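A quick write-up on the structure given underneath.
For this view, one protein chain was removed and the others were kept in their places.
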């Protein structure tokens, strides 16, 4: 199976964004975080972030930000692939999330979104 | 004829998108994939991907991604040029596709799309 | 708490935007500034800027600019994190403010915007 | 006159777009090409292209691509400046065009588009 693709939430919408600059662990960073909803259904797995110079995958900062902004605009249904327990700066984790954003795929129906499933 | 332009599907719409980050073969990659339909019906040649650091043509990652996102937004009729049997990571090809995305051109009628045909 | 995240204004709208190029302190700069409203409420904390080659955080100029431009388009409610007393160029500070823009987050309700809320 | 601004078509609309990656003449390239509307015909005429690593002007690939995509989206009237007899890869010329895209300007009326004119 694809490494780091085992943990996802499907058929969600990106209903909030954050983008900022921040000194973390003595380094200058950019970060963004997405906030999720699932229609009217309460979702607790509701925030995932990406940092330009930290994380399991530093690549794709701008492209992932632009992709997240796109789905915030459309309100379309997506699947979010993420990794738990990544961010080690405790101030950041408490403010935003511990989760790293890995991938965003679209859902064309209540069952199907692109990408691997477990 | 133009090398790598002999294999295409016409009058399709990009009805799904994936963008992600992924370690493949020891390298840190970005990828995106496009999902297709043929008007009202499915097409089983229905996914094609591009990878920033692997493939026959590594250039144009951002421009191809932006172009794919554009036609996902418009739902316009397009022709997709692609190359067979490119992606060799078995987990990636199982989840997404073996095909490398080469070009996207528009169709201005049910019988005409820009670019070369066989 | 997150350094430089203790000062913010919530549930505002970006109702004006400036982008330009400018020589400041002997250096060629780009800058942008956002202007804020909060409905019809009188606000005084109403402008914040980012400069490509000066500031506490020089990274993220383009991304912050495009983010600011997006919310100017939507008119949606946002929270603005900023830092006081950054820009020293007297002409620039007089035209805009001294404040450096640190982050922009969205507000999905009257009571929620993303990001930390703890203060000093 | 401005060099490479002598040849143009005015008050046209872009009705097709192509973007791809392609090996030409031993080099990896990106290209895009625009097609122009002719009456109610589906088939475009007067296609023009730009290539990232070849041409008289290699700069501005991404900006020109995004400009062309913009006017394809709006369908607005534009003036297109181009150069004839540029692309020499026979396969590319046959599939797309020999013309290199130089500039795109808007037309605010049937009688005015920005940029220089020739008589």
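Here the chain labels run A, B, C and D in written order, and each chain numbers its own residues starting at 1.
Rule of thumb we're sticking to: contacts are C-beta pairs under 8 Å (C-beta built on N, C-alpha and C of every residue); 3 or more make two chains touch, one makes a residue touch a chain.
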item: Touch with the omitted chain, as defined above, among D:10, D:13, D:46 or D:106; value: D:106
item: Selected residue (touches chain absent from view) among D:31, D:54, D:81 or D:96; value: D:81
item: Chain not shown, touching residues in subunit C; value: 15-23, 28-30, 33, 35, 52, 62, 65, 69, 72-73, 91-92, 94-96
item: Positions on subunit D contacted by the hidden chain, ascending; value: 1-5, 57-60, 63-64, 67, 70, 81, 102-106, 108, 114-116
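Following the convention adopted for this analysis, only the chains that are shown with their structure count from here on.
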item: Centroid distance [mean C-alpha coordinates] between subunit D and subunit A, Å; value: 38
item: Multi-partner residues of subunit B (at least 2 other chains); value: none
